[PDB]
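This document starts with one chain, in the form deposited in one PDB entry, laid out as structure tokens.
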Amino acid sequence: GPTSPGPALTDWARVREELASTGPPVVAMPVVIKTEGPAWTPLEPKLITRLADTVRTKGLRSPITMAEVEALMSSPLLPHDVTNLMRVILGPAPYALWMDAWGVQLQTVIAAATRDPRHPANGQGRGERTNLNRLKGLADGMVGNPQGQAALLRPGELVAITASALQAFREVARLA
């Protein structure tokens, strides 16, 4: 990633390499993790407003709306984002239905998550297994912390999260 201009996170990979190519005594021994690649995608305000507009005018049960939401929810999103996105398009009343539907959808994910310790929502470690709270961005450190969510949620969970969001949306757009 962009490390030439400025390193948001100390680029310890470079430090490693340096120390190495200079003297053997001790050396390139700093712990080089390299957690990289943001699997979530941020939404563009203007694209969100036009979705609101479309949901306003064309309706909600409208195929246009479904089409435009579907597309916008093809990329992984953080719990914070789905939540806010929905709070804006759905409105106070249906948002609740969605919240409910979304939780149900998420629950079946906690199954394929349990059924298989190899599910994309889980990690390598033994504790690294998703949970309803994680998926909802309610897990400790995620609550009201999108920055926190971006750092803790695994790509596999983001995909689950977003698909569920999209399902529950259809569930509510039609069954309403």
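Positions refer to the first chain, counted from 1. For clarity, a rigid core is taken as the largest C-alpha set superposing within 1.5 Å between two forms. First, how it differs from the form deposited in another entry.
- Once you line up the core between these two forms, the CA of 39 is the only one from 51, 39, 143, 132 that shifts by 2 Å or more.
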Second form
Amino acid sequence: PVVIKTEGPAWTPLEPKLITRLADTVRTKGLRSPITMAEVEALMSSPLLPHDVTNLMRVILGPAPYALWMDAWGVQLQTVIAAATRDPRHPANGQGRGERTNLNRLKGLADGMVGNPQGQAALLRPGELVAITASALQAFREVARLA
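Now show me the form deposited in another entry; what you just gave was the form deposited in one PDB entry.
A lone chain is what you will see next.
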């Protein structure tokens, strides 16, 4: 998640305990359990960075489900990109001419974001995190749907 500090946007990791806790919930209750779904939604109630979502899912999901989540997330992000491309006023876009979002940014792969949650927090816009988070969540639901 991101919190606005004095110097600006800063990265704050999701509590390790809640992540472990959810991993247990997923393992004990299953992906299609209202308990799991509720807990995942709760953990994803605060806008997350690419770094947050991928590591969250990698940990709470098995290798196969995680591979499925990654494909689902890619599809979801692409739908966001298609919408942000068609509508300049899309919230994922910045107000400025050179501020349209792209798939690299949403995946945290753009210049200065690669493997760096601090850089992602400093570079991604609030609207991009919203899309990244909603996309990750929908991808989770898809994985649970196909479970």
